[PDB]
Structures are given as C-alpha cells and as structure tokens.
Amino acid sequence: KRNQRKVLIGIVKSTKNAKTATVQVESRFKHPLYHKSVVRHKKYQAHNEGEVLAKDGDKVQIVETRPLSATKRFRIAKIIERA
Amino acid sequence: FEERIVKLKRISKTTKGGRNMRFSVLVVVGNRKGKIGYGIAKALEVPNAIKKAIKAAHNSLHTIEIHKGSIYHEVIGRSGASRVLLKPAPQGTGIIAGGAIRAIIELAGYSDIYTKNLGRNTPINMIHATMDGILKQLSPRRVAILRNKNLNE
Amino acid sequence: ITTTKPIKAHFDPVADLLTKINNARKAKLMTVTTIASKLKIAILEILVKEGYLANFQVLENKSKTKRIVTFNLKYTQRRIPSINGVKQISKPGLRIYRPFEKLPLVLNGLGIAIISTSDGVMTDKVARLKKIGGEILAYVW
Amino acid sequence: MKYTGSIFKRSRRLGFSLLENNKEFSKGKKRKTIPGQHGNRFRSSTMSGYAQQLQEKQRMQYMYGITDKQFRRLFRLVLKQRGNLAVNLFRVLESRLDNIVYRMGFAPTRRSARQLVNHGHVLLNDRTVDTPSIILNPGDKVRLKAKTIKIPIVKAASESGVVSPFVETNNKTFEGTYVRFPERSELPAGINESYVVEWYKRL
Amino acid sequence: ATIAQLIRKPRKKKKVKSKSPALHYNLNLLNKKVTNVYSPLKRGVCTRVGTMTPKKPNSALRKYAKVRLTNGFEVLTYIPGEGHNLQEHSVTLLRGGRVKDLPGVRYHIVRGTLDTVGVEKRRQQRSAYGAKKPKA
Amino acid sequence: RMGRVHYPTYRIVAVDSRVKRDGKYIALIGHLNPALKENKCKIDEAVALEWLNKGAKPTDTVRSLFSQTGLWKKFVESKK
RNA sequence: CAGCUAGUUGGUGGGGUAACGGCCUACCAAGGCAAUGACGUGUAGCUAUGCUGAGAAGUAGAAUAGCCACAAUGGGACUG
RNA sequence: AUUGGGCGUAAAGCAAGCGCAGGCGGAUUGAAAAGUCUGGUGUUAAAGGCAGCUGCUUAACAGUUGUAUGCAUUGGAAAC
RNA sequence: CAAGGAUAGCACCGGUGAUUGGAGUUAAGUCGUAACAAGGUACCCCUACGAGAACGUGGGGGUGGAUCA
RNA sequence: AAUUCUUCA
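Residue numbers (UniProt numbering), protein chains in the order written: chain A, 2 to 84; chain B, 66 to 218; chain C, 2 to 142; chain D, 1 to 203; chain E, 2 to 137; chain F, 8 to 87.
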C-alpha cells in the first residue's frame, strides 16, 4: 500500500475466528463540553496475512487495505511480542 | 465637588399609633480628581437628611490615584453577597457601568472601565462592593518596593 | 536540623504548596515544611527568583529516598506580605493545557504566572519569547 | 419625516435657540419656559442621565435637521473605524451639504439651504446633487449653478452673511472650498458630547 | 458541582412553555395529525357569550367568549373596548396577550375587521383594538 | 455572473459545462464589470494558460478578452 | 427503550458487478453488536451559515449556494 | 454554573455500611511518544462575518485585495 | 426474484368514550375553630386505628418549645 | 369547658 501509516496501537483481544483478530484501540482527546481529557475504546476486526502472527495479550499495529469482508477493512503488519 | 445623590428609600418605624415615617438617604461625594467618599444618613425632612448625609460622607473621605484614566487590572467586589466585576478598559471608549456605580466611578475621576454587576441589585450593598473592590487593589510601585526589582519588567 | 515533627503530603505537592503558603500568609507565620520533589524544588526556585519569596532549603536524610523542603516567606518590616494571593489552575481532578497564543497575563501581565513547559517550568512572558507552551499551574499576585 | 415644520416649539422646551440668539430673542414677550398650559418651574422633577441625554439628542438632531434613522446610520458608519467617537461624530454631523452651505454664507438658514440643495441649485464638485447625504471631504470645490445669480435669497445671504472660519469662499463669484476640519471650540458648545454619546448602548 | 459527574450527567435547560399553547397548533383534513407553526393569530367560531366577575383586588363585570378554532381546541377569550357585537356563533379572529382580572383567559379579540366592527367614539389608541378614523 | 440589477458583473471562470451558471467552480480567472472595453479585464495570466494547456476550451465571450490583452499569439505557437 | 443478532460474523470453490466486498451462491462453521448506550420510539434533509452574544455558545438551517433524497404511491427493466 | 452557583436555619447530604466497574491518586530512574509543546507540508468552495480600496447624484449595494478558525501528514524536546 | 392480493395472529402509538375519582381558580355562601402565645390538650415526623371534617388516640423520635430550673 | 368578628386602603 501507499496510504498514511495508520497508528492504531491497542490490545488485540481475540482471534476467535480463523485469520481474523479483534483489536480494541484507545483514543484520548479533549471533550468539547468541559475540556476534560477523555478516552474511548473502539473495536476493529482485521485480517492476519499468515506470514506474521498476532497472539493474545499483545499490543499490535493495524494498517488499512482493501475490503476483505464485512467490517474487515484492515490488515496487521507489526506484532509486539507478549509479556 | 459635585455632590451627586443616588436611590433613596422610604422607611418607617412602628410604634403605638400610626407609624413614624422617617426615610433615609445615601449619597456619594467626589472632586472627580482622586478624592471620593460616600455616606448614609436619616432624618425627618428632606433637607436635613441630605445635609447630614453630605456631612457624614464628606468627613469620611479616602484617596485613590488615577492610572492613565482607568484601572489596569480586574477586581471583584465581594461584600454582602453581591459581586461586581471590573475589567480594564483601553485609553478611552466611554463610561460603561450601572447607574449607581456609574456615579460612583465617574465621581472618582476615571475615564472608562468595564463594569458588570452580579447577584443582587440593592444599591447600598452594590456601592459597598464597589468600595472594597476598588480599595483592596495594589500599585505597580507597591510590588516594585516589595519585590526585588526597581521597575516592573 | 531535626524537624522533630511528622509531616506528609496532601494529595499532590502542587496544591499543597499553594494551600500552605496561603495559610501561612493568612496566619502571619514564618515557614512551613512540605514533601519535596524535583518539581517542588524547580517551582520554588523559579518563583523565588522573581522576588515573590525568600530562601528555601531542601532537606534530605541519611538515605537517598526521604526528602522534604521548607521555604522562607518574603516579608518587609511591620509584617506586610509580599504575596497578595494564590489560586491554582491545573488540578488533579482537571488537567488544563494552554497553547502559546492564549496564555493569559497576570491581571495585566504585571504579576507572575507559572507554566509547566515541555522542557522547563518557568514564567509566562519569558516563555512567550520561546513560544513553548505547556500547562498553567498557578496564578500568584 | 424630512422636516417637522415648526422650529420654535422645541427651542422653547429645550431652552436653547436654533441660531446664536436671533430666532428666540424677542417677539412680544421673551419666554424661557416650556410652552402650553405649564408655564411653571420644572427643574427638580425628572433630572437624571436619561432625561437630559434624550434632551441633548433631540436638540442635536433638530440642529442638524436630520431624522433619527439617518443619524443611526451615521453613528454606525463612524463606529466602524478607529478614533475618538465624540470627535468623529461631531465632525461628521457638520459635514452635511446644507449645513456647509449655511456656514459658507450662501443661505440665512440651514433649512433654506437644505431645500435649495434638494432643489438642485448647487454643484457638488462640478456635478449636480439633490441628496444632502454625502460627507464633505477636504479638497472639494462648490459652486451654485451660477444661473442662481439673480436669486434674491442668495444675494441677501451673501450681502453680509457670517463667514465661517473653517471654510473659504468668494461671494462675488459664488465659489467656495472646504479646507479644514472643525475644532471643538469653533462650533456651538451647547451640546455636551459625553452625554449625547453615552446615550447609545444599542449598538 | 464535580465535573466527573457532569460528563456522566449532562445539564438540562428549563425552556418554559409559551404564553399561548392554543395559538400554536394547526389542523388539516388528511387523517388529521397535530402540528405547530407558532401562529400569531387564528380564526374561530364562538359558542358561548356571557359575563363573569374578577378576582379579589378589584371588581367589574367583564365579557368572555368560548371560541373553537380551526383546531379541535376550545378556549376562552376576552372582548375589549366599549360595546359588544358577538351574537352566538359568528366567526371571530383571536389575538395574543393576557388578562389579570379573568383567570383562565389569555386571549383578546381583534375588534373592527370582521362581522364584528369596532365601535366609533374611540379615537385615542384607535389603531390597536381597531376603530375607523372619522373624516374631518 | 453575479451582481446588481442594471449593473452586471460577470467573473470569467473556467469550469465544467455540466454545472449550472455561477455555481461551484474550481479556479478563479478574472472579472469583468462593463463600463469600458480598453482596460477592464485582468487575469493572473498563468493559471489561465495552465488550464488551457491541461485541457480546456474558452467560453464564447472569453476569446475577445484573450485577444484584447494579447495572449492568443503565444498560445497557438505554443501548441504548434 | 436490556437485550439485539440467522447471510448475522468467518473460512474455502464458483458466479455477478465499474470494482473491493455475504452482493449472491455450495459446504463448513458459531459468531458479531451491545452500560464508552446497539436495539425501540419521538421529532429532523445536512452543511456554508442568518440573528443574538465579549466569548465559550443559544437558536433558525430564510433567500442564496455545496451535498443528499424525491418526481401521483409501490415496484421492474431496456436504451445509452 | 466549561469561562460562571450551592446542599446548618431560604429548594438540596440519599438512614447507615460492604464494596466490583469508572474516576482520582506518594518518591527515584531509563524508555516510549497517547495526550500535552512545537518547525514544515497539504487542506478547510464561493459568497457572506471583519479590515482597506473603487463605482452607481451618496449610504443600500456591487466588485476587488487581504483576513482568522478546525483538521490530516511529516520532523523535532520530554515538566506533567 | 417478486411489487402488490387474500388470510390469520402478535407488537407500538393515538382520538373519542355513558359514569366516576379527585385537582386548581372564584365580592361579600353553610359547620366547627385545627395551627400562629403554654392557641388554651405543646407542636412536628413516621406508623396503625377511628371519626362529617377540623383532626382525636396508641407506639417510637426531635426541639424546629414555655415559664419555674 | 370556653367559640366565631362580612369585602374594599
């Protein structure tokens, strides 16, 4: 690909289904009502190519690619090892 | 001295038989050049009450200087649960305040200043809030003396 | 030298410093003691170096872990405080941040405002010279 | 309105004359009170900022013959740019065609000049105009369509009319120019600038 | 007020009701529903004409009308001015406002341009509560 | 074009022909307020040539404006 | 308004589209969304903006113009 | 009520307690850059809001010139 | 594939609905006088019973109570 | 045991 480097660091939760992993991403910003710093979590289901593996408990990176299925728009490139 | 008067009340104490109608007056006095004061009095007739108020206002004067014609910082008059906010104004735009406070700050000798009342609209406590707000301020020469600096830089 | 009295932090040295200095000014006291951090020594230095305080000593013990600090208040004879009030802006319950262009002046800019920049805690206008922003910790007048 | 039609009715109540003193000087009985059934002392009943502010507004906008929305437009115009509001306002209120023609000595009354300008008997920089609305900037010449030479009102005005300091003109050639801005002390000082300006908080 | 609660519990505005609920609704014939366009005034037909005494501080003998509008709502209204020209189901046009002598009445009557004509002999303030100016 | 009645002011703009008049456009070229034909049209003189070289066809009235200012001569010889 | 969800989430062969794709299909699967508010209901074309306000913003989405949807209502397809 | 309020007697402290989740949170040290600071690049249609200028007998207006604000991307430092 | 058509049964939201429950507001309307003082039986709160009502009484609690103390 | 005192300022 050529698109911008999507920085979507987050704790991948489960690869309960084959060649598919669900990762939650945490985003911090300023709430536009009281200027309080607030975070939200959002889920994303991504495809694992197979040459690189993502496991449970990791904090991995996600990039954009062509749509493979319904609500699966992304693929994984880098996997931070376990702890 | 200009000796302008502000809102007057109609009060009466109660005894056996009718009521003792004896209203009170409040007044502000100033030379429009730096010396100002205020007073409150009561009497049976208008001229006597006015004269007593003028006396009690004029004996109890206090001094305040003029910085370029306005105040250079913000003050919050806080007395008797009646706030009033004062914010600095440019070299000149025209006086903006409430009527009673308009008289108070015009008779002091200021050109223009940002004024807005908060809370109650009772003139006497409003004047007192203006007083303690304008008095408890401090000068750049004051901080120059107390801080280890000759001139404020 | 042998403070002899047990002390402890409040919840955060930032609020504790202002509360203790305000209480000392109100009660016309000389010094107080408070838990010391590198942020504490930095803030004390950058506030005293502008004539708003006096000598402050950081006090540690035989070990390298227990540190406190006590500061002398700025005063003039007849006991008129040089400090005319403090109000902390950044709170543990509410973070506040301000860019360079919107750093407010101290009631005309005549006073001193302490801004925690990305590289050094240091006052308002001399930070406006370097345009480096940060968070505002306290208004002192 | 463009013209009320009565001039004494307000100089009576407002207490000051339209001109120096010649209008309300004497015509059988000199009076300086309010007209109607109320010849009586009224000076200690409604004295306050609003009352005299309105009185000064009314005095000013009958001195200059302008209505209230016209002057609101003028105040909006002068509020746009920098400058002391009182000075600019007092300078622009004098910058009307009729009042300049009055000050030049070409008319014995401002209202006659206002009628004549709308009647198209005056040239604005070698061009005609029937709208007394433009503000006169320095460096502009005026002539009165010299066909007007036979008009009795204009020769009567030019006979011994009061020549204003801030304006220059020749009456034997009916040709004039507006050279300099007005000073505070060179104009009728009966208007309190601070009081009239402070009346306006709506804009 | 602790801000950690305000994020979890946003503040709410009061936004008190209007001075006139009846003058807002309109009614069509399309299996009618209820809609509001904040109508300044509405046409109606009277059904009741009578009189009623005011509350405690004063005393008089006013006149009221029970008018059904283009909507299903029926509402009381006040008749202003001298005289009376309501004759038991004549079309009328309402106007907003409020009265204090008659509780439960908040509507005046535009008097002058309908089957009801505003009385003469009224020349001061004759535009409001209409009355044709006599020629002189 | 947009302006006052009895006094039009047509801005010359290169835009696709499938959008309505005076609608959304891409780049601004110039303006014409009709009170003279000697010096009343002014263009950036660079973006117009860029548009004409990247594929465009001038509007019917725009040819005169291009001819008045003397731009056609460098145009055609640029093409061939 | 505490459950919603059954081509719903995922895999492989194939078809189809301007293309990715449950868009469809054969089989295998058992998932997916939800208190950081889905689902249900109520009202609403969105935006630049207009008014007010010092501002954070309250409010109307006039006219105008950008985008979306509709053409008696509900459907279907050809032409290009 | 973020800039901008209170809960002794004026409306308001749940009867009290145990506490999951959430939020807040002592000191040293390195790293990280998620926020936070910040150079550059791209973009935020036009008109209109605003500031100058030109013309319609002049304001109304029309035109022209410039004008903030948010967002992405990229490079730098690490007080909290 | 299928717009629609017919059938039957669930879910949601209204309009009206004999008769009735109470509610608010009204020039001087009828019964008693509960409370404000020790309101003449201290009041108030919770609860249960009872009376045409004002409310009375029983149990628990407070002074937001009076004087003698 | 021990009660009521018509609206209007």
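These aren't lab readings, by the way, just hints derived from the structure by calculation.
A hint or two may mislead.
As the list claims (entries may be wrong) - Computed spacing ranges between beta-carbons, pair by pair:
1) D:134 / B:164: 34 to 42 Å
2) E:136 / B:77: 23 to 31 Å
3) B:113 / D:21: 36 to 44 Å
4) D:84 / B:150: 43 to 51 Å
5) F:25 / A:18: 41 to 49 Å
6) D:84 / E:135: 52 to 60 Å
7) F:33 / D:3: 53 to 61 Å
8) E:8 / D:137: 53 to 61 Å
9) D:58 / E:128: 18 to 26 Å
Said to hold, decoys possible - Taking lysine-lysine and the DSBU-like style, the derived pairs with C-alpha atoms no more than 30 Å apart in a straight line are:
10) B:152 / C:131
11) C:65 / A:31
12) C:67 / B:214
Heads up, the beta-carbon is just placed ideally off N, CA and C, and yes, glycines get one too.
Checked hints:
1. D:134 / B:164: 34 to 42 Å: holds (39 Å)
2. E:136 / B:77: 23 to 31 Å: Violated: the Cβ-Cβ distance is about 56 Å, outside 23 to 31 Å.
3. B:113 / D:21: 36 to 44 Å: holds (41 Å)
4. D:84 / B:150: 43 to 51 Å: violated (26 Å)
5. F:25 / A:18: 41 to 49 Å: Distance hint for residue 25 of chain F, residue 18 of chain A holds at roughly 47 Å.
6. D:84 / E:135: 52 to 60 Å: holds (53 Å)
7. F:33 / D:3: 53 to 61 Å: holds (56 Å)
8. E:8 / D:137: 53 to 61 Å: holds (59 Å)
9. D:58 / E:128: 18 to 26 Å: Distance hint for residue 58 of chain D, residue 128 of chain E holds at roughly 25 Å.
10. B:152 / C:131: The hint holds at about 28 Å.
11. C:65 / A:31: Given pair residue 65 of chain C, residue 31 of chain A is violated - Cα atoms ~39 Å apart, limit 30 Å.
12. C:67 / B:214: violated (36 Å)
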